[PDB]
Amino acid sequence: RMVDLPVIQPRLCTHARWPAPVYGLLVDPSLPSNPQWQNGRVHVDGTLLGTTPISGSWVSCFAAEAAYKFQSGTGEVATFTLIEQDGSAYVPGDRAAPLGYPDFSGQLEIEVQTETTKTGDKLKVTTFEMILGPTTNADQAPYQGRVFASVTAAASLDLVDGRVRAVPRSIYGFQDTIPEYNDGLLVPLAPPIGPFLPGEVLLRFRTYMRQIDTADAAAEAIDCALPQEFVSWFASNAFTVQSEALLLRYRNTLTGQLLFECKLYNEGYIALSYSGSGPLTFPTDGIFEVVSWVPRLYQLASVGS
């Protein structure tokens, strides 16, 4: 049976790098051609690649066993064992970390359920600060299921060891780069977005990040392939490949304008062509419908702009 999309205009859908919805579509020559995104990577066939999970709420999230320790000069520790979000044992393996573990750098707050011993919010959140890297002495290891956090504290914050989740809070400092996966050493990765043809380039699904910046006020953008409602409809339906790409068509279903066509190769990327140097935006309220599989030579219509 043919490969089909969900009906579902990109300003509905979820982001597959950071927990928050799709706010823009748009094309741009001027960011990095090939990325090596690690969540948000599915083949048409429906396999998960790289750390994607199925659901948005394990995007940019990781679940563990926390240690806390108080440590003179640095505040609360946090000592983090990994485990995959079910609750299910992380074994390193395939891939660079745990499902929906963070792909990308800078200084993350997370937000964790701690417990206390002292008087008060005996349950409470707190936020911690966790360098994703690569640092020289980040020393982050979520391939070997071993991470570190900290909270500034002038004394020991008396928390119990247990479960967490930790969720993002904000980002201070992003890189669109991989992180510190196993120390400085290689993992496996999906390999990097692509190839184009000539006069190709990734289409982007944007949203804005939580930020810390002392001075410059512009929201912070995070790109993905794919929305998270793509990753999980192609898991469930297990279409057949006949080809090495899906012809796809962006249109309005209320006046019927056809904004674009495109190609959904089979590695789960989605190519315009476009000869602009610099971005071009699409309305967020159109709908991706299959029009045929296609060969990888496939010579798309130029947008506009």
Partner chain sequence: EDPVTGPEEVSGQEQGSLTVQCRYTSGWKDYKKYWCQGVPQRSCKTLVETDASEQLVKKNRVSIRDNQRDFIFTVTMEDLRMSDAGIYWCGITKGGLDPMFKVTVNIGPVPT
Contents of the next structure:
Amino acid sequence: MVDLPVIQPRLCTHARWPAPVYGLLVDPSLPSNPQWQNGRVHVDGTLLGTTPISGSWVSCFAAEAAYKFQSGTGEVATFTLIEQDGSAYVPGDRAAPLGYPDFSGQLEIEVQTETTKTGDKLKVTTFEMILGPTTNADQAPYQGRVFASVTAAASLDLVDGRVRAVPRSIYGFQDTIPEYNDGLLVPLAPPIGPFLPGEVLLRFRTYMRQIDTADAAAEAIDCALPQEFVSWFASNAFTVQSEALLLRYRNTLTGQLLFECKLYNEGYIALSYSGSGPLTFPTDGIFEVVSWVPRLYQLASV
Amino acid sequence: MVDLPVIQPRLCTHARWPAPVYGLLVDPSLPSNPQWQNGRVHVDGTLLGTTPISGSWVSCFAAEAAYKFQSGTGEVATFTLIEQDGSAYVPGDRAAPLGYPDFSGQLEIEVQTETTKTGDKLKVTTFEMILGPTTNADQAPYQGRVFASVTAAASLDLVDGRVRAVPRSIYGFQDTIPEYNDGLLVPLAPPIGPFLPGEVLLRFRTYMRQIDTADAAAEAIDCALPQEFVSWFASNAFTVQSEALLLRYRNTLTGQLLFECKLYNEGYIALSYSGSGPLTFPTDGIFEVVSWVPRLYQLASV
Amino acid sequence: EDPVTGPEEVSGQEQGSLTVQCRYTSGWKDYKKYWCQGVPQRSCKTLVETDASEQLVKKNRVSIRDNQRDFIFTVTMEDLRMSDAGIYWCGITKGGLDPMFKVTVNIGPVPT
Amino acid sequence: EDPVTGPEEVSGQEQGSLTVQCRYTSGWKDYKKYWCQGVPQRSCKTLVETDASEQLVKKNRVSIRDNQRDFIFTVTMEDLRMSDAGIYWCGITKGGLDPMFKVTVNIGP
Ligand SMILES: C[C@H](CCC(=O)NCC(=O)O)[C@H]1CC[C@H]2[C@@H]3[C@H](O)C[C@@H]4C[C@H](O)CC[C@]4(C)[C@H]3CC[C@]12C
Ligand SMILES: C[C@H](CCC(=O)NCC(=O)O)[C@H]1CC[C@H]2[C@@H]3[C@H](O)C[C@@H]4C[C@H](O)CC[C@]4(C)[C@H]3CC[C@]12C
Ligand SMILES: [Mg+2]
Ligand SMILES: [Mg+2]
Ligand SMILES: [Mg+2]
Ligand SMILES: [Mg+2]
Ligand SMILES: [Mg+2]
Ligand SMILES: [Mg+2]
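Could I see the form deposited with the partner chain bound next, after the form solved without the partner chain?
Let us now look at the entire complex, which starts with that chain.
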């Protein structure tokens, strides 16, 4: 028994930003070997990087929040990070708590805040948090500490306590790992790869809620596998027999074959594509496992 | 034969509010037979109510948004609803588009908005939207039409277009179905049940981001199955051989049995519990399938 | 200008009465008016509603009458109780989001 | 009260220069000061930074000098190009969130 969940891409959950999958494509123009830390799983069930089981952990974090007002900046939150199930975060062999963002830019986050001001007790406060690539904020989620702030003329009278932070929007998105440890290197899942000559990465794409003062173009973010596949492998714990799995992407109502591809053991899909521009595929198909294959198995082009 | 994902509840996704599963309990004081529309699936893979596959669809919707300013109300959004994958929504055999909230209260939603105003273009706006139980807003998601608003002194100069609305907070939550069709009846998945005498519903609990002016108590919302079980069944499409599945909930690090329960074909779990007060359980166990049983198999009390 | 306005806060006393005047712009003359209770705003419990005429309506201890000449509908609450305190709304019925105005109602005891 | 304040907007014309005075409170005397460029705010491009002394620093077309008796550090930008218009920041280097003040730079031809 080695199979995939019978779920169309358009109905799947994205693995690096909590939103549906909207696109399926290959693009030789983009980095062929991204070092994404979320949405990384071995076919045998081993989660890699900061990949979580649940899509609700993706691009989120939990923490003990301590708030302090700073003239000239506003209300400042010092988040002491926890794993999103409440278990203690211990700096170890990964970049950050499971699900922490693995991209850069300025992130609007939202947390439950209790206030002491009269007439309101519970509200949701939007903070700004700089992720990367480089920052003067000295973010160190690897060490379990990050800083956010919200513009405030005076104290918001917030009560310190535990929080779960979820992303509201991205500002100046860059698909490059954030500042995990004040600019120092941390344990990272390796760059996705390798690929045979003529093979390129299959990309599951969604789009992120964006702040952009000039450009209305949507912000894309790709992942190697949808979150359904991540938990599917984590739960099944398959025995791996070869370097990759031969898959066929089909429309089951027609049976028409859209393309064949190789799902490497290490959790990415490669298509043989010699074109130069992006090639988008329909998202209403199903991935079908055919057999185990060796690394040098040559795919048919598309 | 039916099997289940080897995932601990504390690592699963809640199926009615997009957030982690934090609690696992029974509570006789709560309604024994709720009419939840999400988190409803048949063991043979049949989705019930408005249940979607992806957890990112839970308590969200997609729409063609049209904005008109109303003096005394602010910016008013008329959402012509779409299925969250872009497929045209057609009134049919369920209460609303897939994933639409199945509870009541006043919901803050976030959508991508585009403005024509100088100095900015894309931003994320929070709207207030009344769900139910009854409203004067004439909400009719069954017909693909709902209304929301954000208080404002003048037009925000928003550009009509497509949106994905995600939930920010709940105000005045009530675990009763919302206004699906301006007070009229709509097709609904039946209440959860029935149960044997002495059997009660197993609840997977998360807590919702809340606006509350007086009370700091968290707002619990329960569901019958984690989203991982929903997708697991929809994908596998098992063959059902009796009325229910006998399950054991163990700590697999110890083999300690925490309780036995019955997963009925119609998508809900029952425990034998005679107490009157609530009883919570560890969230780090695993559900294991034992065998098919009749609807009359009497469980060991807890 | 706003379509319907009234007093932000009123205070009545036990066994007493209150009168609330909801002023509205002429465009809403031929719409139904009503008086609502509770929060959230748009799931509030309607206590009395007109039929878009000027006929007076009374239900329990609440009455409403629309003066479509001066564009004011008047609400009266009689035999006030402590339990009557809370948030209320002047309302104009229409398709979709109704024009509404928040009216906080305080009730206290007659001092001794 | 605010740890650092400067001009909200400043202007110069192409090929000219401009000066920016970043006033700060006395406690930040012995901290590095810097002049940053671009948004997002806290990932901006540092153009020049001091060594916490009064020594003037010059890098490309930008210089910074900290006057620690009056508690002002002065920034100059020379040979102004239209490409220099945008968002800049008076900065003070410290652990965590740096004290920063937004300065908008405009360029006329
Ligand atoms: C106050 C919030 C509930 C409201 C909220 O902030 N978010 C709910 C949502 O995602 O919509 C509570 C409810 C349960 C809490 C979490 C759980 O207790 C588990 C865990 C416990 C740790 O002590 C702190 C983090 C962490 C993960 C908690 C964070 C805060 C939570 C989430
Ligand atoms: C502008 C937004 C992107 C930002 C956003 O609003 N949400 C992304 C997030 O969850 O962070 C675009 C990107 C893709 C768009 C969706 C897709 O095109 C699919 C679908 C297509 C329908 O024509 C309109 C609704 C619907 C569902 C679209 C809604 C708006 C989307 C989501
Ligand atoms: Mg640093
Ligand atoms: Mg942009
Ligand atoms: Mg109605
Ligand atoms: Mg509450
Ligand atoms: Mg209405
Ligand atoms: Mg710093």
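Note that the rigid core is defined as the largest set of C-alphas that superpose within 1.5 Å between two forms. Positions refer to the first chain, counted from 1.
Aligning the rigid core between the two forms and inspecting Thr127, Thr116, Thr135, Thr79, the C-alpha positions shift by 2 Å or more at one residue, which is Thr135.
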